[PDB]
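Engineer: These are the residues of each chain, in order.
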Amino acid sequence: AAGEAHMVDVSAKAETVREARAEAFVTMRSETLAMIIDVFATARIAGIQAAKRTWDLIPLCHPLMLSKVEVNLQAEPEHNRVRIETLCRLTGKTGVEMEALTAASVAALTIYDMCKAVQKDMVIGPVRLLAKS
Amino acid sequence: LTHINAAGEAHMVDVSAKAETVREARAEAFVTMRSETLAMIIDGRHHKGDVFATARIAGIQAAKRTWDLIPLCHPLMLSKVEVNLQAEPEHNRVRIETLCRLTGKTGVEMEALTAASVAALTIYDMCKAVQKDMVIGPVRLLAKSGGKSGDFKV
Amino acid sequence: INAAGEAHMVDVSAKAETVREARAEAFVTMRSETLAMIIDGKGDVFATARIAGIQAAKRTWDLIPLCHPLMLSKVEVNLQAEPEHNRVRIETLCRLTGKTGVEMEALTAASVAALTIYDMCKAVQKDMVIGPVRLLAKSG
Amino acid sequence: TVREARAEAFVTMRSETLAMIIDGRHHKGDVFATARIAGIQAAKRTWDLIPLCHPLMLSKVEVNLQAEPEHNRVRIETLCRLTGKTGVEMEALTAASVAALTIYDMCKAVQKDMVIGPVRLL
Amino acid sequence: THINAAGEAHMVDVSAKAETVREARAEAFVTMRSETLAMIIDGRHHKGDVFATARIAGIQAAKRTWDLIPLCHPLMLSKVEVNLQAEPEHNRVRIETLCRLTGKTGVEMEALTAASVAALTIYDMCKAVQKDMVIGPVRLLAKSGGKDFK
Amino acid sequence: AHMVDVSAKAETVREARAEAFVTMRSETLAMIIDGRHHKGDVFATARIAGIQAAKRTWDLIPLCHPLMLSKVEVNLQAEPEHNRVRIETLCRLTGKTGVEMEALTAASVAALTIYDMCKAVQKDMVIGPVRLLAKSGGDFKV
Ligand SMILES: Nc1nc2c(c(=O)[nH]1)N[C@H]1C(=O)[C@H]3OP(=O)(O)OC[C@H]3O[C@H]1N2
Ligand SMILES: Nc1nc2c(c(=O)[nH]1)N[C@H]1C(=O)[C@H]3OP(=O)(O)OC[C@H]3O[C@H]1N2
Ligand SMILES: Nc1nc2c(c(=O)[nH]1)N[C@H]1C(=O)[C@H]3OP(=O)(O)OC[C@H]3O[C@H]1N2
Ligand SMILES: Nc1nc2c(c(=O)[nH]1)N[C@H]1C(=O)[C@H]3OP(=O)(O)OC[C@H]3O[C@H]1N2
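Just so you know, the sequences run in chain order E, C, B, F, D and A.
Residue numbering for the first sequence is 9 to 45, 53 to 148, as defined by the entry's author numbering.
Residue numbering for the second sequence is 4 to 157, as defined by the entry's author numbering.
Residue numbering for the third sequence is 7 to 47, 51 to 149, as defined by the entry's author numbering.
Residue numbering for the fourth sequence is 24 to 145, as defined by the entry's author numbering.
Residue numbering for the fifth sequence is 5 to 151, 154 to 156, as defined by the entry's author numbering.
Residue numbering for the sixth sequence is 13 to 149, 153 to 157, as defined by the entry's author numbering.
You may find that some hints are simply not true.
Stated by the list, open to error - From chain C, some residues computed to sit far from chain F (all C-beta separations above 10 Å):
1. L4
2. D17
3. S38
4. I45
5. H94
6. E100
7. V138
What the hints assert, rightly or not - Below, computed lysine-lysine pairings styled on DSBU-like, alpha-carbon distance capped at 30 Å:
8. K83(F) <-> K135(D)
9. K51(A) <-> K135(A)
10. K135(C) <-> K108(E)
11. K83(B) <-> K21(B)
12. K135(C) <-> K51(F)
13. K83(D) <-> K83(A)
Simulated from the structure, these hints should not be mistaken for laboratory data.
Using N, Cα and C, we set each Cβ at its ideal position, and we do this for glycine too.
Please construct the entire structure, taking both the sequences and the accompanying hints into account.
Structural biologist: Next up, the structure:
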């Protein structure tokens with residue numbers, strides 16, 4: 009299949025409570041954790064906002080109505096990093112995997128934008144998902 | 004020394020004073036998967052379609068919404084965007100390399116990273132029916148130009 | 007200052023799917039001459058304010074960080090000239106069948122229509138005032 | 024309550040122009056892929072483009088592109104489908120129009136007087 | 005072409021080009037039955053003022069051209085005009101738009117998008133009455149960018 | 013021609029200051045300071061929200077021009093004595109177009125967020141007044 013974009017038909021599916029949790033990391037130098045925590056709130060909003068626009072960022076995703084989005088951030092001085100864990104949930108025909116992965120990635124991008132001045136090079140990753148319902 | 008105000012609060016830094024130079028930034032991303040997961044990409048056997056073309060466009064579009072995605076960034080006019088997708092069977096991964104350039108007052112690290120991130124999120128969306136536990140990463144910056152701040156390479 | 011840097015979105019999967027409704031209002035006070043500009047010399054002006062408020066309401070989830078994305082079933086925005094008060098009254102109506110109310114949509118519809126009217130008359134009068142913006146009714 | 028709608032659009036050009044889409048096999052490459060992605064994206068934003076439309080939860084968006092050298096044009100056909108309270112006509116026409124516009128943008132450099140139309144429901 | 009030698013899709017760097025006042029005119033048509041055209045004129049379509057609704061829809065679609073059309077450059081429009089006119093002799097509505105800015109890349113897509121989106125809107129207003137409407141033709145009338155046309 | 017042809021105007025430093033108020037009951041203004049509003053950090057969310065709104069003004073107000081902002085600041089300040097939150101925004105850029113709508117939209121969406129963050133507690137909060145404080149680019156203040 010060359011040059012084609014097919015969107016999966018979800019009409020036939022049942023309405024179920026679906027759920028997904030992803031995680032993402034922003035690794036940096038130890039000092040670069042000079043930390044205000053509303054720096055996290057900016058990143059927290061960015062993930063929630065990204066989660067709600069996922070159908071618009073990912074070309075083949077469905078418009079969905081999220082029941083809840085939560086974005087948590089943790090600083091791990093022992094590992095030189097910020098840990099993010101996301102949670103998206105709805106009751107519909109479509110899972111919320113991409114929403115969580117997007118919400119974690121953009122929260123990660125946001126922290127990079129906030130600290131980009133101190134360290135030119137920081138490493139975002141890994142980005143993956145813990146479990147889904 | 005941040006994207007934050009003097010008080011512990013969020014504002015938008017005034018960039019107007021600085022010099023307007025041609026700026027550039029290149030970033031990279033990796034999508035780690037199974038050998039079988041990468042093999043259906045080369046064969047075009049994922050039911051969702053052309054995975055690289057879709058990830059190419061998505062990142063390009065992602066690039067232009069960066070100021071709109073990253074809450075505090077300045078609106079910018081990208082002059083050039085390149086999103087490169089490459090298959091690496093030997094490491095079980097797709098390597099992604101992006102390139103953003105414009106003539107403005109504020110840097111372009113975020114546009115290049117964002118383009119790289121969504122191309123990765125897209126490649127994931129396109130193949131996730133086959134493998135649910137793929138790993139996105141690392142996401143890094145490879146170079147930056149035009150900035151008054153410390154320029155950077157490799 | 008507890009809960010600092012924190013952003014919780016209320017969970018709504020537990021609520022019942024019912025028809026929910028919200029009415030909001032807004033006023034834009036101006037000089038009488040500015041209010042005479044619209045009525046005497051109103052369609053192109055009220056329409057812009059009408060449309061802007063309707064599309065704005067359809068974007069409330071994009072504007073209010075912690076609001077739910079919902080699918081609006083009806084959006085009505087009426088504009089009224091009130092010469093006795095040197096002002097323009099806006100009244101909006103939002104309604105759908107879902108788990109989330111449509112309060113913010115109705116409020117946003119009113120706010121943006123207000124801002125739209127402000128932009129339209131901004132050249133004639135510098136010091137126009139928007140307010141009050143308050144909610145009129147809710148059913149849910 | 025499965026509802027469905029299909030639209031179509033044409034982007035008429037010179038036979039020389041339509042050959043740049045196929046003699047580089049771009050037609051089953053990125054050029055058609057872009058118009059296909061654009062139209063799908065546009066269809067999911069019909070409510071944001073057309074003032075009096077409702078936001079809808081689409082079950083499917085299809086954008087098929089086919090070259091008709093025989094008529095000097097690219098034929099476009101769209102398909103929108105959902106299970107809900109609102110038909111999806113505007114979504115199909117929007118997907119159809121924007122998908123045609125992307126193709127104009129692609130070949131805009133080659134020909135300055137390309138013509139889009141007709142755009143109609145099926 | 006507007007894509008890569010690779011056959012890859014990319015956005016071309018146009019920064020080297022001069023910063024000139026570019027302009028674009030496009031026209032578009034929406035053919036309907038005579039009664040449907042008259043309900044626009046009498047303003048008896050229940051949704052509301054069709055031309056005014058379409059005008060605004062077109063203006064705003066123009067400001068979103070780079071965000072709708074995937075490979076186009078982000079631009080800052082200086083002026084957008086959206087003109088609506090009924091032509092009873094042809095059973096149709098004629099749309100004529102105007103875009104212009106001081107930039108390094110043209111504004112054709114901005115005018116064409118405005119014409120199509122004003123046309124989609126006119127369709128959406130009158131759709132309840134008629135499902136037979138045909139949009140077209142949609143074409144470019146002029147360009148005075150740095151890359154002259156008419 | 014209701015969308016004004018902004019080119020060609022002089023490229024000048026343009027600035028705008030706007031203000032807005034969200035009146036509430038003292039328990040509501042108290043749970044903001046306590047930060048016992050369930051949705052979260054109210055001022056942060058309203059501060060971020062107002063800022064993005066400034067960058068989206070061109071897309072919300074039909075006849076406004078697309079522009080590129082340089083500075084957006086959103087001030088939230090609690091006024092227990094007046095049972096209200098005062099918002100003051102400041103928008104600046106260098107271009108051909110003024111920034112009044114941005115400052116006003118930012119102030120308005122920040123107000124709308126504050127309403128969103130506290131509305132579970134109080135349904136009858138009242139947003140107003142929303143006005144311009146200053147624009148520089153002739154000049155105006157007061
Ligand atoms: N917004 C959004 N749209 C989606 C998916 C998604 O995760 N988010 N998964 C895609 C899939 O591959 C399938 O996964 P799923 O979770 O089984 O649900 C059906 C499909 O939805 C598809 N469309
Ligand atoms: N788009 C949108 N999203 C919303 C609310 C809203 O008014 N509009 N209210 C918020 C609430 O506090 C709750 O109020 P509610 O009326 O119980 O409805 C559910 C919730 O929706 C929440 N998210
Ligand atoms: N997104 C979207 N919104 C719409 C319509 C539509 O086709 N798409 N039709 C409009 C109509 O006039 C009616 O068409 P319909 O197919 O009868 O369904 C209900 C109405 O939805 C209205 N709003
Ligand atoms: N984004 C944006 N677009 C705008 C204005 C604005 O404040 N923001 N002012 C509007 C005006 O009324 C005029 O004000 P001005 O500051 O004289 O500049 C020209 C016009 O730009 C208009 N478009």
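Engineer: All the hints need checking, so say for each whether the structure fits it.
Structural biologist: Hint-by-hint comparison with the structure:
no.: 1; hint: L4; result: 39 Å, holds
no.: 2; hint: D17; result: 31 Å, holds
no.: 3; hint: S38; result: 26 Å, holds
no.: 4; hint: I45; result: 16 Å, holds
no.: 5; hint: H94; result: 25 Å, holds
no.: 6; hint: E100; result: 17 Å, holds
no.: 7; hint: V138; result: 25 Å, holds
no.: 8; hint: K83(F) <-> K135(D); result: 22 Å, holds
no.: 9; hint: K51(A) <-> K135(A); result: 15 Å, holds
no.: 10; hint: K135(C) <-> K108(E); result: 18 Å, holds
no.: 11; hint: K83(B) <-> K21(B); result: 21 Å, holds
no.: 12; hint: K135(C) <-> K51(F); result: 29 Å, holds
no.: 13; hint: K83(D) <-> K83(A); result: 24 Å, holds
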